[PDB]
Each structure stands twice: as structure tokens, then as C-alpha cells.
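*Asks:* One-letter residues, chain by chain:
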Amino acid sequence: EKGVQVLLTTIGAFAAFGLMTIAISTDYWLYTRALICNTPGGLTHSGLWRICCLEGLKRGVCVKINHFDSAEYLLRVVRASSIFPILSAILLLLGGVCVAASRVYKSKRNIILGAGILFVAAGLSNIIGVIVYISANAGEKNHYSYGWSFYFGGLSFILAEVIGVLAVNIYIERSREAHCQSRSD
Amino acid sequence: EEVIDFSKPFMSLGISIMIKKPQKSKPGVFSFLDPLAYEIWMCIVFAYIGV
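Sequences listed follow chains J and D, in order. For the first sequence, the residue numbers in the authors' numbering are 16 to 54, 78 to 106, 115 to 186, 196 to 240. 536 is the number that the authors' numbering gives the last residue of the second sequence; the numbers go up by one with no jumps.
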């Protein structure tokens, strides 16, 4: 029913926000080999901001990533700011807030719509951030791999799209109920 | 040559240009249009409009 769908939507919003914040803050996106590891290089696990060496003399020390051709410059800027994943998390938060409001202003039906739009846009922004990250990593030192933070981001995207679908369905049902009641009245 | 005497050159040369070897360029955004010239793409657009 409507109540269970709203409950799932709010749970998904909270879960996606948490997963994306975890992925952004976490530094386990990429497992690779880097020259700056104190001995082609040493194993490293990285993220969006900082990189940590593992299995090396400098084991456990984490250092801020040293980023840095107009398009390459723009890509480096966007990758450094990580504005797209952050925007995804922000939009998920705002959508959850709008859903909670929809749990109060049951009359205003154009709220659970904004929630869905924001969730879908957050999914798109996460896609863009993933593309930017993958593109920027490449350059022109092998057998690299992706960590659980990357898949947390992917899970956040999937959940955001699902809850956007559910919110749009809720809006559909609510508007249909109101319109049928009015016309029949 | 005013103070010594040379032989005929045993090796002739001249000024030349040294550059770094062109590398596989990092693929550019919108490199998927490279197979066709820009003029073909614009003619495609306007043929779409006209059709």
C-alpha cells in the first residue's frame, strides 16, 4: 500500500545517502601500484582525496592525492572537487527531507514529486562522477582493481533510481485518487 | 682557414630540427566523430532537416 511504499522510499533514501557519504569519505576505491610508495611501484589503496600505501615500509601512511589541454584541465578540476558525488548525496538528502514533509503536508502532492526528481538527478550525477573518476585515472601500472567503495557508489545509484520510481508511483496514485474523487464529486 | 689549413670535409652536415617522438595521443572527448569529417556531420544534420 501507500504507507509501505513511502516507508521503503524513506529507508532507501537514508541508505543511499549513507552509502554515498561512506564511499566519498572512505579511501578504498582503487587498488593499484604507485611509484610513490617507498617500494613499478608499491601497492596502494586510494579514494577520491587521499591515497594509502599497504604492504610497504611506509605502511599505513595516507597522503593527499596530488592532482595535476583545456579539457584535461577541466576534467582534473571536476575530479578533484568531486562535486558530482557530493551533489548526488546532497540531492538524496533533500529528497528524503521532501519525503518526510510529504509525510506531514499530505495535501500538497507536488512534494513527493520533487523527491523523485531529486533522486533521479542524484543517480545521474553519480553516473557522471563514476565516468569522470574512471576517465581521470587513465593516463598515457596494471592489474588494477576497484574496491567496495566504488560498488557502494553503484549501489547508491541503483537505490536512488528505485526510490525515484517508487516516489513517482506514489505521486501517480495520490493524484489519481484526488482527481477521481473531485470529478466524481 | 686564415691561420691553419683544412682538408676537404670528411663529413658534411647542417642545422636540423629535433622534436619529441609523437606518441599515441590521449583520446579526446568527441573522438567518436573522427571517422567522418565535420563537414559530413553538418551535411548530415541539414539533410535530416531537409528530408
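Simulated from the structure, these hints should not be mistaken for lab results. Ideal placement from N, C-alpha and C gives every residue a C-beta, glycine not left out. Misleading hints may appear alongside valid ones.
Beyond 12 Å from chain J on every Cβ pair, some chain D residues (computed) [to be verified]:
{"no.": "1", "residue": "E487"}
{"no.": "2", "residue": "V488"}
{"no.": "3", "residue": "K493"}
{"no.": "4", "residue": "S510"}
{"no.": "5", "residue": "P512"}
{"no.": "6", "residue": "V514"}
{"no.": "7", "residue": "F515"}
{"no.": "8", "residue": "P520"}
{"no.": "9", "residue": "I525"}
{"no.": "10", "residue": "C528"}
{"no.": "11", "residue": "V530"}
{"no.": "12", "residue": "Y533"}
{"no.": "13", "residue": "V536"}
The calculated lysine to any residue pairs, modelled on SDA-like cross-linking and capped at a C-alpha distance of 25 Å, are [stated by the list, open to error]:
{"no.": "14", "chain 1": "D", "residue 1": "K511", "chain 2": "J", "residue 2": "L50"}
{"no.": "15", "chain 1": "D", "residue 1": "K509", "chain 2": "J", "residue 2": "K17"}
{"no.": "16", "chain 1": "D", "residue 1": "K505", "chain 2": "J", "residue 2": "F106"}
{"no.": "17", "chain 1": "J", "residue 1": "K196", "chain 2": "D", "residue 2": "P512"}
{"no.": "18", "chain 1": "D", "residue 1": "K511", "chain 2": "J", "residue 2": "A182"}
{"no.": "19", "chain 1": "D", "residue 1": "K506", "chain 2": "J", "residue 2": "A117"}
{"no.": "20", "chain 1": "D", "residue 1": "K511", "chain 2": "J", "residue 2": "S116"}
{"no.": "21", "chain 1": "D", "residue 1": "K505", "chain 2": "J", "residue 2": "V166"}
{"no.": "22", "chain 1": "D", "residue 1": "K509", "chain 2": "J", "residue 2": "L120"}
{"no.": "23", "chain 1": "D", "residue 1": "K505", "chain 2": "J", "residue 2": "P78"}
{"no.": "24", "chain 1": "D", "residue 1": "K509", "chain 2": "J", "residue 2": "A184"}
{"no.": "25", "chain 1": "J", "residue 1": "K196", "chain 2": "D", "residue 2": "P507"}
{"no.": "26", "chain 1": "D", "residue 1": "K505", "chain 2": "J", "residue 2": "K17"}
{"no.": "27", "chain 1": "J", "residue 1": "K17", "chain 2": "J", "residue 2": "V166"}
Cβ-to-Cβ under 8 Å is the rule here; a few derived chain D residues that face chain J [unchecked claim]:
{"no.": "28", "residue": "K505"}
{"no.": "29", "residue": "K511"}
{"no.": "30", "residue": "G513"}
*Asks:* Now tell me, hint by hint, if it's right for this structure.
*Replies:* Cross-check of the supplied hints:
no. : hint              : verdict
1   : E487              : holds (53 Å)
2   : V488              : holds (53 Å)
3   : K493              : holds (49 Å)
4   : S510              : violated (9 Å)
5   : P512              : violated (9 Å)
6   : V514              : violated (6 Å)
7   : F515              : violated (9 Å)
8   : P520              : holds (20 Å)
9   : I525              : holds (23 Å)
10  : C528              : holds (26 Å)
11  : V530              : holds (23 Å)
12  : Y533              : holds (27 Å)
13  : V536              : holds (32 Å)
14  : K511(D) / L50(J)  : holds (21 Å)
15  : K509(D) / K17(J)  : violated (57 Å)
16  : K505(D) / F106(J) : holds (21 Å)
17  : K196(J) / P512(D) : holds (19 Å)
18  : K511(D) / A182(J) : holds (11 Å)
19  : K506(D) / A117(J) : holds (23 Å)
20  : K511(D) / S116(J) : holds (13 Å)
21  : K505(D) / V166(J) : violated (47 Å)
22  : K509(D) / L120(J) : holds (21 Å)
23  : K505(D) / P78(J)  : holds (24 Å)
24  : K509(D) / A184(J) : holds (14 Å)
25  : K196(J) / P507(D) : holds (22 Å)
26  : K505(D) / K17(J)  : violated (67 Å)
27  : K17(J) / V166(J)  : holds (20 Å)
28  : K505              : violated (14 Å)
29  : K511              : holds (6 Å)
30  : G513              : holds (7 Å)
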